[PDB]
Each structure stands twice: as structure tokens, then as C-alpha cells.
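K.L.:
Use these hints to put chains B, C, D, E and F with the ligands onto chain A, whose structure you have.
There are 6 protein chains.
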Amino acid sequence: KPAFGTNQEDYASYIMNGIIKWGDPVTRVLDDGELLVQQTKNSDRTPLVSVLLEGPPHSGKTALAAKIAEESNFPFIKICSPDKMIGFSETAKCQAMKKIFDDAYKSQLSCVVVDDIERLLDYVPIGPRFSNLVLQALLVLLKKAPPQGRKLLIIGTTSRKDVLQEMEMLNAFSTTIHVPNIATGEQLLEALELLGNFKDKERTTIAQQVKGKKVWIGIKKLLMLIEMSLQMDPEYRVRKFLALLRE
Amino acid sequence: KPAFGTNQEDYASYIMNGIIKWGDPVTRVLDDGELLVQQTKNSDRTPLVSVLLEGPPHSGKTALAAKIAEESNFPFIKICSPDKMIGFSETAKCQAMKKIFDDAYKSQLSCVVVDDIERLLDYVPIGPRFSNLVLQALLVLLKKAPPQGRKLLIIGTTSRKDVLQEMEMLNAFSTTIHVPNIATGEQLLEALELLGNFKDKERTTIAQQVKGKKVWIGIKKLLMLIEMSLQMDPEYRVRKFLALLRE
Amino acid sequence: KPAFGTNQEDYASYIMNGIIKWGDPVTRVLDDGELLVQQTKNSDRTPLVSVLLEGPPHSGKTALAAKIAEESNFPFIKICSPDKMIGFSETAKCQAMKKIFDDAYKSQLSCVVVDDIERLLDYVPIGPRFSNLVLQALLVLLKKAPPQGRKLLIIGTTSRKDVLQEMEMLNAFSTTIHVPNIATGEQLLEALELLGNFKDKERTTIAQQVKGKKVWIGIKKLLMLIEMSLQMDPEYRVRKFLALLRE
Amino acid sequence: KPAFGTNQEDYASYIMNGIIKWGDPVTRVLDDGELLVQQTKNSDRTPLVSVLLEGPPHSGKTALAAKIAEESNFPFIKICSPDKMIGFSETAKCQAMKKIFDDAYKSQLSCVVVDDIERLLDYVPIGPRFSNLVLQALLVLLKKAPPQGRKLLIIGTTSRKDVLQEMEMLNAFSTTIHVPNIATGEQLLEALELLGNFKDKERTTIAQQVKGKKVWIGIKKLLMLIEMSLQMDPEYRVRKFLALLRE
Amino acid sequence: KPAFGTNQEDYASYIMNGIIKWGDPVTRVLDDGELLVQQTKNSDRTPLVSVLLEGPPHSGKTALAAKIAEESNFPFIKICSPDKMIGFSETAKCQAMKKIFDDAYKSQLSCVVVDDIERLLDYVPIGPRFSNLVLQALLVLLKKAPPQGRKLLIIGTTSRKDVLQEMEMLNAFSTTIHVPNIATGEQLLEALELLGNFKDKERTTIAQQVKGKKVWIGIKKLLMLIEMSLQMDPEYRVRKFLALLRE
Amino acid sequence: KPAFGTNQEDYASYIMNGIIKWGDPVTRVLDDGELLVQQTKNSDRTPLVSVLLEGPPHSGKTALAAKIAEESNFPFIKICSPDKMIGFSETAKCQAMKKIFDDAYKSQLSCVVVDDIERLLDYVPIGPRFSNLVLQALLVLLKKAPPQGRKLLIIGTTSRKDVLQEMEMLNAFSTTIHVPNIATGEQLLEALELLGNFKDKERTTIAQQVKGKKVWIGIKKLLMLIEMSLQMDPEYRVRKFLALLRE
Ligand SMILES: Nc1ncnc2c1ncn2[C@@H]1O[C@H](COP(=O)(O)OP(=O)(O)OP(=O)(O)O)[C@@H](O)[C@H]1O
Ligand SMILES: Nc1ncnc2c1ncn2[C@@H]1O[C@H](COP(=O)(O)OP(=O)(O)OP(=O)(O)O)[C@@H](O)[C@H]1O
Ligand SMILES: Nc1ncnc2c1ncn2[C@@H]1O[C@H](COP(=O)(O)OP(=O)(O)OP(=O)(O)O)[C@@H](O)[C@H]1O
Ligand SMILES: Nc1ncnc2c1ncn2[C@@H]1O[C@H](COP(=O)(O)OP(=O)(O)OP(=O)(O)O)[C@@H](O)[C@H]1O
Ligand SMILES: Nc1ncnc2c1ncn2[C@@H]1O[C@H](COP(=O)(O)OP(=O)(O)OP(=O)(O)O)[C@@H](O)[C@H]1O
Ligand SMILES: Nc1ncnc2c1ncn2[C@@H]1O[C@H](COP(=O)(O)OP(=O)(O)OP(=O)(O)O)[C@@H](O)[C@H]1O
Ligand SMILES: [Mg+2]
Ligand SMILES: [Mg+2]
Ligand SMILES: [Mg+2]
Ligand SMILES: [Mg+2]
Ligand SMILES: [Mg+2]
Ligand SMILES: [Mg+2]
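The listed protein sequences derive, respectively, from chains A, B, C, D, E and F. According to our numbering, the first sequence holds residues 1 to 247 in order. According to our numbering, the second sequence holds residues 1 to 247 in order. According to our numbering, the third sequence holds residues 1 to 247 in order. According to our numbering, the fourth sequence holds residues 1 to 247 in order. According to our numbering, the fifth sequence holds residues 1 to 247 in order. According to our numbering, the sixth sequence holds residues 1 to 247 in order.
What the hints contain is simulated information worked out from the structure, not anything from laboratory work. Any given hint might turn out to be false.
Note: identical chains are not told apart, hence a pair may lie in one copy or across any two.
[What the hints assert, rightly or not] Each computed EDC-like pair below joins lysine to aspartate or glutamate, with the alpha-carbon atoms no more than 16 Å apart:
id	residue 1	residue 2
1	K144	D83
2	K220	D44
3	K240	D32
4	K41	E227
Just chain A, with the same shape it has in the complex:
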């Protein structure tokens, strides 16, 4: 248990492979986040600010949300994660979630990350089915101002903005930030360079196949394809990589 009104998060587990600048959108996400941190800390009109980072799966939403939170330097920073509520009933999740906000309210400046909203709400498109009790708790928490004078920045992440819109959750968030997949051959080459896994000859081959072209892959997904490619004999790593990227 941390000091009263404080909390230091373990960003290592949420950003295990860093934050590489593979393209302009990465900088845009971080800059927009810092502006929201600025607004939260300095505003009396809007002491409660919430933002939803959303994009396709594996695009890097969680790590970016954790980075924005980390850069806020707020006394209280906590990440509400589903991997800490495995098997939890609706009530159990609401109590756990409510506890986090209760502790946040004790700090003058706090930031709470509500990560992977779809999992927190136990959503599944078949039906669909989901925990309405948890959804309702979240809709209220997103609009509950901390006690007078104290500020709170809520950062949510999701790969299903569409579902959250149907649930009326978008009306609860102050704004949203799109977290895109790598979309161009250039951005893809930049990522590979910053990650440094292939030799120039290999990157050249890849480049010939992707430069000036369009791709669609999340940074987290790219990490896996690379690692799978590296298990091949040196002479087949590139072939494997392009094949995986292809299908």
C-alpha cells in the first residue's frame, strides 16, 4: 500500500518494448496527451478530463496510454487493468474499479488509466453479451468530478470504439485520440530500423517490397512477426517475414 493520496505505477509491464517513433502519429498521440495533462493540471473549469485512445488491435494503445500517464508526473498514477480482475463477477470489478477512483480522489492531481474497456466490460459480439453493471459504473465514474479543487485525467483504451459508441460511452469521454497501425512502407521500414533486427541487405529487400506502398499492421503485431521470422535459417528470414506480412 502506497503513501496516502499517492501511487507509483510499474510502467515496465505496460511498455515492455519501449515507445519507438516509427511515424508522425506516435508523436501526435504523445503531444495530444501532454496537452490534456496540461489542461487537467491548470484548469478550474474542467478539473475532470477524460480521453479515449482507440484504434485497431495491437496498435500500441496501452503502452501509449501508460506513457502519457507516466509523463504527467502526477503524484497518483494508477492503471486499472483486466489482468487483475480475472474471473471477477460484475460486482467485484465495480468494487475494484471504484476503489481506484476513490484513492485517486485523495490526490490533488491524479491520472487513472482504464485499460482495454472491452475486457473490463466482459464484452463479446455474440449476442452481444457484456457486464452492464460495469458499464454503468464506468459511465458514472467518467463524469464524476473529484472533490472540489482536485484534478483527474482519465485515459481509456479500446480496440472497439464502435461498441463503446453504441453503449453511449463516447458522450462520457471529453475527447478521443486515434492510435493507428503502421500504414506505409516507410513507417514499416522506420520501425524495423529502430528495432534493429534485420541487416541492411535484408531491409533493402523488404524495402523493395514495401517502400512507396501501403501496409496495415499494429506495432505489437509487427514485433511478433519479426520474432517469428528470426527463427528461420538466416537465408530464409526475409522470405518468412514478407510471407507473414503478406497474409
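P.N.:
Okay, now just chains B, C, D, E and F with the ligands, sitting in the frame of chain A:
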């Protein structure tokens, strides 16, 4: 615990940014509310009066309901809010809600605000799903006259009048008051002036873009767009504001 | 707790604004009710008699049912009302309802009013949803003869005859009595006169606008429109009344 | 608690207005019932026999089932009625129902009446909804032979043969007996005569209006219409009767 | 409680009217069953063998399954029947069912009959509705090999092969055996002869009406029609029989 | 209970009839599995690797998953199987499943097999119905990295890749490996040879009927058809085999 048959609400949390007269509808809402307060206090025929303030999200329904209640000067004034029932089961909400009315009945003149009906009922359009037990309790409470001779003004708020109509709740309310978003450039300029955030040169620029035109934004939403605009460098505040207002 | 096999109801709360003879249907309802009371008390063939008073909302069903019951002069008269089962689970309602009939069976002559069937059954058209356990208990209670020799008149009220028909409840009731809204300008003028709220000049103005015409408003609703009209300056009371009546 | 393996039912409550021979179908129902009683008592091949008496509501199903049971003269005769399970959960009903059969199995010759199957199963056409646990218990009980050598006649009644067919319950019953409403003016006149409520002049008038014609009314329903007619002044009893019969 | 790893079933209750050879399919069912018993006892590759006996209702599935089991002469033979789980919750059924298999696993050679799968699963076509917990337990039990070296023959019965297929249960059974209704006049005459209920003159009459023709009736159903026919006066037994067989 | 951070599985029960090389796909499955084991043990970027083995029912998914796990030689190897959760409620399954991963996290190198996902999730296509609580727990567990520095290979198996895709589970798995049924006469002949059940003359006959042709049968299913064929008289084994294979 307050004195028997009494209760003083903390209006500061429900009206954190005041009540500015950005347009005629604001005065209309307050005046209609005072007439209902008058009817409640003076009538023997209709000792129970209920009104639903409804309009688009962020239009200022809660603050206006809290203001009408505050201006009643009734001995007992209580706001039934969902942010005090987070994670609550249907039964728990009904008991909490029933307690409030029970205490209200102890006063000769009382006013109860049932705020954000959609959240109180755990409503979600997917399904849809909602707490019928809570809906039923509310339908009965809306028609239950306080013990003989005592008066009660019930003020509800909602951003989903359509849903409440389907639930037959409109037949329970005595009347309804529409709470509109700011709808004209003039009303928008008036709001900015009363809030005093931009310089004349800036308001002039904005005016050139909105005067004699139509807009659609809730006062609560406007506060957020302004505050977000203020984080920009002086030379780009207006550009940001119009862009946000645009999309 | 009342004397064994007895119960005196508090008709004041169910008939707070009397029973005015605004039109022939009021007399028809009371007369049909007295005939059913007569049949119940005098018949050996049909010792159990049930009747459903139904009509549009606010038409005066409850007060009329309470009046019919009151005029029976039976030793045991009890009104089963939803405002005494707020927040109740299905089981809780069935037990409460079953208790009332159990006590009624102890009297030689009893009358039980099952008021606002839709609320007792927790009905909502979305779904729809309702308490089947309560519906089933009611279907059985409506056909359960008191112990040999004893009589029971069951009077139900509802604003949703259509729903009850779908639920097969109409096959349970012995007969039904329609409780209509005020339907003609004449009946409307008669009501205003018997209630005595407007001056002759005013009633004359209203008459010019409604006499020889058709209207559709429940007596309970009319009381509210009048009371709202009375909050206006003398010179605008009539204008307000007709406007409210209009929309 | 009755003697081991025995049970005497109170037929008075299930046949409060006797069994009048208003038409051939009444005799047909009783005769078919006695044949099934005969088969049950004398057969080694089919020691378990079940029959469903079904027809429109109010046609006299329960009283006829109770009469067939009474005429069996079996040591154990028990009527499983829903008015003894008001408010019961599915489990509670199954236990109560299972208890009855358990006691029946203790007798060499037993007869169990499962009355008003729709109510026992908590059926409602909206949905529809019903207690599947109770349905399943009944489907199994209908096919469970008493312990070797002992006989059991199960008599069910229902006004919804169609619903029971959908539930596959008809495959469980050995056979079914139709219990029709009074269908001809002759049968109607015979009923009135056997009940002796109108004077010859009156029956003559009625006859002129119904003889050689077709009608459709259950004996239980007829009893109520007559009794309602008898509340009128002598000169209007017939008019009332035909009017009620008409609509 | 029987000896460890053993269990002797009471086949009398499951085969109360024997196993008559009314036609070739009866022999086919028994022969196929003995081959499966042979495979189970002798195979190391498939120590777990399951078979579903299925056909129309009343065709004799249970008695035939009980006969196949009886003829296996296995040390452990147990019939899992729904008439021993009346009113049972899903969990209760799974525990009871799991207990049986647990005991079977203790024997070197065991046979478990899972009778009337539709009832075990609380199936009803309206909805439909059924116990998924029980279905899941059965799907797993059908594929769980007894502890190494021990054998188990599972025999299921059902009148709804179609439903079980939709539930994916057919992929769980090793094979299926069809249990048909009596289908020809010849088979029908053979049954009557083996049961010996009618006189030659009578069988001759029946023969004239059914020989060289097609019929469709389950042996269990035939037993009931015969027994019902025998309640008639000698001169009308045949007439009754053909009438019943007709409709 | 095994040593801290360790666990040795009993592969005998999951691979009771070995792993025969009936065709190239068998080698492909094992080779792809070893590459994933290699990646898991050697990578710092992707310390958590998950793979779904999927294909038609009876194709050999479980045994192959168990073989891949066995060949990893990891200190901790555990198979999460539904036959150890029979009758389990959603919560019970989640706790049991969560326990396994918790123990796995204690090892530097672990492999967890989540076998037969459809059964673990209590899936049934009618509805459909399934345990969402279990699905949600699995979606989170599939993405939860073991504590820093430790590796985990998760291997799932399913016969319903389509259902898992709808449930969004495919986005959770790192990759998938298809486990096909035997598809050619050649592969079928190879299987029979490796299993050694028929004589050359017999295999020759079969070959004449299947060589250069296409078939579709899972290895587990083939084992059963063979064993059933072996119960026939020597002269009819082949006839039986082809007949079974045919339909
Ligand atoms: N610019 C970047 N933005 C985000 N993540 C990055 C970046 N550069 C490297 N990474 C690494 O990529 C991974 C991103 O995975 P993360 O779990 O954040 O994705 P996600 O979109 O939240 O996934 P999911 O859709 O599964 O929720 C982390 O290992 C992170 O350190
Ligand atoms: N004229 C006004 N009417 C209402 N609110 C006003 C007005 N002028 C300023 N405000 C401020 O705007 C905010 C209105 O937000 P409020 O929560 O009342 O809106 P709402 O419509 O109830 O929101 P929601 O749709 O989220 O329920 C408060 O901060 C309030 O003080
Ligand atoms: N003739 C009348 N019949 C009925 N009520 C009357 C009559 N004259 C005056 N009233 C008054 O009108 C009101 C009728 O309201 P009541 O609650 O009975 O209506 P309702 O139709 O039962 O309402 P709801 O639809 O809300 O259930 C009572 O205050 C009653 O005293
Ligand atoms: N021939 C008859 N058959 C049946 N009931 C008769 C007959 N003659 C008179 N009665 C009387 O009519 C009434 C029949 O009502 P009963 O409750 O048996 O009908 P039901 O069809 O079971 O009703 P429900 O549809 O409500 O279940 C009883 O009072 C019974 O004594
Ligand atoms: N050849 C036969 N096969 C099966 N049952 C026979 C045969 N000959 C006589 N019988 C008798 O017929 C009856 C068959 O009924 P059983 O309960 O087995 O049928 P079922 O198809 O299982 O019924 P249900 O569809 O109700 O489950 C038993 O009394 C049995 O002894
Ligand atoms: N090459 C092989 N691959 C897989 N199983 C094999 C192979 N050769 C022989 N077998 C044997 O075939 C059986 C395969 O059955 P298994 O339970 O693994 O199949 P499955 O596809 O998982 O079944 P289900 O669809 O029922 O889940 C085992 O007995 C296994 O030892
Ligand atoms: Mg994420
Ligand atoms: Mg509000
Ligand atoms: Mg009423
Ligand atoms: Mg009946
Ligand atoms: Mg059977
Ligand atoms: Mg498997």
C-alpha cells in the same frame, strides 16, 4: 444526518460553473420551475407535482434542476444521484431511492431531484438492458402522494426522453421542460462573453464565423471546447476553437 | 393489526379529490359496481366475483374502485397497492398479496382491490418484461373461491387492458367495467363546474371553445391542468388552460 | 396426514355446483374416464395410465376430472392444484408435486389429478415464459410406473392443449379426452332447466332466441352469466341474459 | 451400496413387458449391441465405446438399451435415469451423473446407460430451453476414457436425434443404432401374436385390414392401444383397436 | 503437488495411440510447434507466445498439442482439460484455469495447453450459449505476460476455429496451426500400414478402392472404424471397413 424532516443540499457540486443567461431558454427553464414550486407549495388539489427536465446530453439539465430546487427554499431538498450508487444492485438502488422519499415525506415541503434517470435505471441501448426493478420503483414513487397535507416537487433529468416515453414514465410526470443546447451564433457569443475567455479580437473572429448562423452545442460541452482551445499558443486558440466546434 | 376477519381501509388516500358526477359514465361505473357487490353478497353459485376496472391512464380507475369497495359496507375491505411494495422482489410481492387474500378469506364478506395491475406485475413494454411469478399468483388468486360459504369481490384496475388480455388475465376476471376519460365539451364543463375553479366569464370562454365538441382527458389529468392554469395571472388563466388542453 | 398409502380428497371444493347432464359429451367424458379407471385397476401391461382432459376455458374440466377420480373409489386420490402452490419457486413446486406421487406410489391403486397444467407450469404466452423445471418433472412423472404391481391413473386438465403439444407433453399422456363448451341451443336450454333459474315463460323467450341455433359457452361461464342476470329487475332478467350471451 | 467396482441393475423396471421379436430390426439392434460389447471388452485401441440408440418415441429404445447392457455380463452395469433426478438443478444432475461414471471407472469392464437424453438435459423445443451445464458434462463424459486398461461402453437413448445433432452430441458418440417403430402389417401381426391378446378370428379381421400394408407405431404405444381395446365388450374389441390404430 | 515452479504431465492419457506419421501435415505440425517452443525459450521481445491448433473434430489436435508440449522439455508443462472441470460453474472453471497459469508463472519456462476450448467455454450452437466469464478469463490470460524474464508458450486446441474467431479469440493467439483430417487414399493407406491392422491382401483391396482418391477422416475416427471392422468375421472385415468409410 440532518435535522428531522430537513436536508440541505451541496449545490456547489451540481452547479460548479454557475448558471449563465446565454439565452432566453435559460430564463424560461427557471421561470417554469418557479411556477411548479409555487403550485406545489400552494395547491391542495395537486400536493404532488413532478417535472422532467430533458434535452440533449451536456445541455445543462442537472445544474438547472439543482438551481430550480435551490430557489424553492424548501426545508427538505435532496438530489438522488447515480454517483452515489456506483456498482449498486437493483435492490440497493431501490432502497437508497426509497429512503430519500421516505425522508422527504417527513417534511411539509420537499423537493427531490431524480438526476440522470438513464443511469439510475442502468440503461444501455444494446438489447436494450436496464433495471426494471428500479424503473418500477420510480414509476410508483412518481405517483405516491406524501402523507396528507404535505407537498413534494419531484424534478427528474434525462438526455433520453424517448427511452423514458417507451417505459411509460412520461405518463407519470406531471409535465416536462425542454432544456436545449445553445442553438444560434448569438447565443454562442453571449455564452463566451459571460464566461469571458476570449479577447474582443478573438470573439470578433468567432462572430464572423458564427453570427447569424446556427449551432448545436450543450453549455457543458462548450466549457470543455473552450478549455481545450486555451491550451494552444495565443495565436492558435481561435483556430482550435472553431475547428473543435466544426467537427 | 385489525380485528380478526376484519379490515377498514383509508379511502382518503385513494379518493383525495372526491368523486364528482361529471358525466353518465361515472354513475354507470358505480351502479355496475353495486350490482356486483349485490351478486357477491347474495349468491351461492358465484361466491367469488371479480371485476376489472380499465380505461386510459388518469381516468379515475383507482378512486372509483375504492368507492365501489367503500360502498359495499363489507366487514373486510383491503386495497392491495404497489406503493406498499416498492423495491419488492417477485416472491415478496406474492407473499404480501397472498397475505391479503388469506385475511380476506377469514371474513364472511370481503372485498379486495388489486390496484394498478401493470405496476404490481412490474410490467414494461420494452421486451416486454414483467414478473411472471406475480402474474401466476394473481391468475390463481382470481379463481380461488374463499372457504365454503364465504364471499369475495375482487376489483382490479389497469390502464393496460390489452396487456392483461395477452397474459390471459381477462379469462380470469368475471367481467370488466370501462372507465372512460371525459369525452365531450359538456362533460368537461360539468367537471369544471363541480370543481368550481373558474369564473362564469372564464367557463363561458372555455365553453365557446369546447361546447358541442369532443375532448379526451382523464379526470386526474384535468385536475393537474387546472391547477397549473391557476398559477398564471388572472388575465391569462383561461389562455393557459386551453393551451394545455390543446397539446 | 392421512393413513399410510391412503388419501381422501375434498371433492366439494372442486365440484361446487355439481355435475349436470346438459348434453351427451358430459356422459361421454364420465364413461371414458371409468374405462380408464377400469384399465388401470385390471391391467398388468399398463399399470400406469394417464389422460388429459382438455377443452376451452370454463368448460368444466376440473370438476369432471375430480368426478372421474371420485368414481374410481381408489384408496388414494389426490388433486395436485396450483392454488396450493401460490408464489412457489420452480423447486418448491417440483418438491410438492413429487411428494404427491411418492405418496401415491405407496398405495396399490392410486389416482392423481394434475389440475390446470398451464398454471402449474407458470405459463404465459408473452415470450412465452414458463417453468421448465416443473415441465420436466411432469414429463418424467407422467411416464414413471409405480413400484411393481401397483397402479396409478394420472388425470391432467388444461385449457391449452396446443401449448402442451409444443412442450411434447402429449407424447407423455396415454390418451386425451375433449371437454367441450355447451354448443347448441338445446344443450343450453337443458342446462338452464337442470339449474332451474328461469321461469318457463323466460326459458321460452330464451328458447325462441337459441333453439335450433349454435352457441359456445363453458358451463362455469354460464353459471356466472345466469347469476349476473338474476341481479336485474324481474322484467329485465332475460334481456340481460341474452345480451351477456350475445357479446 | 454394491461391492467396490460393481453394480447390478434392476432390469425388471426397464423391461417390464419383455423383448419380443416382432421383426428383424429387433434382432439387428441386439446383434449390433453385442458387437459393441465385444469391441469394448476386447479392444485396447478403443477402450471407450459409445452408442446412441435413437428412434421415434415409444419405439422401445430404453428396454433395448437395458437388454444390450444386461447381455454384456459386465461386473458394473448402471442406468442413469431421469426418474431419479426429478426436480434436480443442473448442478445436482451433473454430480449424480458424474458419480455414476466415477463408480464405473472403478471396474475393469463397465457399461453405463444414459437414458432419455432429452429429459436428462431438460430439453423443451419452445425457445428452445435446456440445461447446458448437463449437456457439457455429458459431452465430456462421452469422450473421457476410463483409467488406463479399463473399458467402458456407454449406451444413450433418445427420441430426438435431431436435437442431439444440433448440440454436437453426435460427434461424441462412436456410432448410433436406429430403433424403428413397427412398420408393416406383418410386423404388427407378429407383435399381436407374440403378445397373445386377440383370438384368431380377431387377428384375422385385423390382418385383413393391415396385412400387406404399412403402419407406424412404437411397441410401447402398441401395448397401450391393445390394453385400451381390451376394455371394450368382446364384440367391439377389434373395432376399437383398428379405430385407435387408425387415428 | 509437484516441486515449486515445476509440473510433469501424464502424456499417456492424451496420446494413448501414439503419433504416427501418416502424412506430411503431421511433420509440419510438429515442426511448427518446435519453432514456437524455440521462439518462446530464446526471445526477450515475445516472452509470451500462443498458438491455436485447430481442425475438424477427431483430427488429432489434442495428442499433437500434448506432443509439442512434451517435446519442449520445459520444467513446467500442464494441460488444462475439461474432463477435470465436469459440472463446474463459470467461476469454478476460471479459478481452476487461473491456478494453472499462476503456477506456470513461477517457472522460468512454461507451457500450458488449453485443450478443447469449446468445452472449456461450455459452448453450444443452439442460441448459442457459452460461459462468457470463462471466455473473458481466457482472452486476458492469452495476453498476460509472465513476470519479467520468464517465458510461457500457450497451446490451445479447438474443432471450432469459426466460433473462436467470432469471440475475438483469434486476435489473442499469436498464430494458428491447422490440423487436417487424413485427406488422400495414400495417407489413409499409410495410416493403416503404420497401425498394422489389415493383411496385405486386405490393404490391397482397400487400396484399389481408395488409392489416387480423396477421403476425409480424422485419425481418431479412423481408429474407431478400424476397431469396429475387426469385430467382423475375417471374410467381412474389409467390406465392413469400406462401408463405414463410405457413409
Ligand atoms: N510507438 C509505440 N507505441 C506503442 N507501443 C510501442 C511503440 N513502440 C514500441 N511499442 C511496443 O509495442 C507493444 C505495444 O503493445 P500494447 O499492449 O501497448 O498494444 P495494444 O494496442 O494495447 O494491444 P491490444 O490490442 O492487445 O490491447 C509494447 O511492447 C510496446 O512497448
Ligand atoms: N445556463 C446554464 N444552465 C446549465 N448549466 C450551466 C449554465 N451556465 C453554466 N452552466 C454550467 O454548465 C455545466 C452544466 O453541466 P450539467 O452537468 O448540468 O449538464 P447536463 O446536461 O446535466 O449533463 P449530462 O448530459 O452529462 O447529464 C455546469 O458546470 C453548470 O454550472
Ligand atoms: N368521478 C370521478 N372518478 C374518479 N376520480 C375522480 C372523480 N371525480 C374526482 N376524482 C378524483 O380524481 C383523481 C382520480 O385519480 P386516480 O388515481 O383514481 O386515477 P387513475 O385512473 O387510477 O390513475 P392512474 O392511471 O395513474 O392509475 C382522484 O383525486 C379522485 O378523487
Ligand atoms: N357437467 C358438468 N361438468 C363440469 N362442471 C359442471 C357440470 N355441471 C355443473 N358444473 C359446475 O361448473 C363448474 C365447472 O368449473 P370448473 O372449475 O370445473 O371448470 P374448468 O373448465 O376447470 O375452469 P378453468 O378453465 O377456469 O380451469 C363447477 O362449479 C361445476 O360443479
Ligand atoms: N422388442 C422390443 N423392444 C423394446 N421394447 C419391447 C419389445 N418387446 C416388448 N417391449 C416392451 O415395450 C416397452 C418399451 O418401452 P420403452 O420404455 O423401452 O420405450 P421407449 O422407446 O424407451 O419409450 P420413450 O420414447 O417413452 O422413451 C417395454 O414395456 C418393453 O418391455
Ligand atoms: N499423427 C497423429 N496425430 C494425432 N493423433 C494421432 C496420430 N497418430 C495417432 N494418433 C492417435 O489418435 C488419437 C487422436 O485423438 P485426439 O483426442 O488427439 O483427437 P482430437 O482431434 O483432439 O479429438 P476431438 O475432436 O475429440 O477433440 C490419439 O489416440 C492419438 O494417440
Ligand atoms: Mg492494450
Ligand atoms: Mg446531468
Ligand atoms: Mg390508479
Ligand atoms: Mg379448471
Ligand atoms: Mg425411453
Ligand atoms: Mg481433442
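K.L.:
All the hints need checking, so say for each whether the structure fits it.
P.N.:
Status of the hints after comparison with the structure:
In this homomeric assembly, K144 and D83 come within 16 Å of each other (Cα to Cα) only across copies, at 7 Å, whereas the closest approach inside a single copy is 25 Å. Taking identical chains as interchangeable, the C-alpha atoms of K220 and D44 lie at most 16 Å apart only when they sit on different chains, with a minimum of 14 Å there against 38 Å within one chain. In this assembly of identical chains, the alpha carbons of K240 and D32 lie at most 16 Å apart only when taken from different copies (13 Å versus 37 Å within one copy). Taking the shortest alpha-carbon separations for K41 and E227, only the inter-copy value of 12 Å comes in at or below 16 Å, while the best intra-copy value is 41 Å.
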